[PDB]
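In the form deposited in one PDB entry, a lone chain appears below as structure tokens.
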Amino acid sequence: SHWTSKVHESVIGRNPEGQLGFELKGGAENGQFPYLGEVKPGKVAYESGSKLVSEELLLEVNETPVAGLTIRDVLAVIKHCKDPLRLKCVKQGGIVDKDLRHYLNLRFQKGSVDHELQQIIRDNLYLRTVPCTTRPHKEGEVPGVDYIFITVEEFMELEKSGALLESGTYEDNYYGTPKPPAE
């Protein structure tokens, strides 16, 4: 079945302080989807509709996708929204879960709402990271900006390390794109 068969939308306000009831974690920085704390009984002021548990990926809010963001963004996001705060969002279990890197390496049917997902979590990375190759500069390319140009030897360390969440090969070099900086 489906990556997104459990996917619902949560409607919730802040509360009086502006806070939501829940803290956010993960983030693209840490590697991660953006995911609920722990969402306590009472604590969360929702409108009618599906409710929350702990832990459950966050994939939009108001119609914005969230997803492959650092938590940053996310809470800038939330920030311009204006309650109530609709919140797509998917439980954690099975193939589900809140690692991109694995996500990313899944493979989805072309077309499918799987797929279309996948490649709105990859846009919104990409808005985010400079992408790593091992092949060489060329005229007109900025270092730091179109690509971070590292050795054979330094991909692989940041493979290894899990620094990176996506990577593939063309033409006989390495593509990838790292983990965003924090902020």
The other form holds:
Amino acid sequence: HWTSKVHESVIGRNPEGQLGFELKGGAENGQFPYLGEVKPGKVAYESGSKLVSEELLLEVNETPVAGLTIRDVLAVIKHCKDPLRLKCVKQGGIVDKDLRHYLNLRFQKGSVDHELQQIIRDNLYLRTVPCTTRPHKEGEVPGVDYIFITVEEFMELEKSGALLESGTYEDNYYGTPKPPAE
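Could you present the same protein in the form deposited in another entry, rather than the form deposited in one PDB entry shown above?
This part shows the chain on its own.
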């Protein structure tokens, strides 16, 4: 399963209040939060397993953070007292930092992988406004319910890799652009 190798690694802050690794990725790059280079001298381990480089960050103190921007992940961590309980999973095989692709995967309904995928999708949806080519309907605030764009624009976001989800419903395009880094 996708969540087979998920493990928890409990760490503390170092001097300068850092983690001994940098957070990369985030929804703004269309990615899972993931660990930069984990160097031995700098991670203040407490308990659980060890962190390696490139691991996908899933949860901080039971708060799911996959699907969020780096900025939001940093914000969860800052409102968490030590020690930080990190649920992570190594990249490799079908486990990858690419959020677009992860959201295309199709797991069994009822599966832990499916449950998790839905949590990650909702996180993504909390930080983004979808875009569509269908006309503004009454009741809708442009830029909140939907960024209303032309097909040429949708096609251009598409080709540029700006979209994490996309598709047509009734002769019109619908997608989710990457949130901005803030």
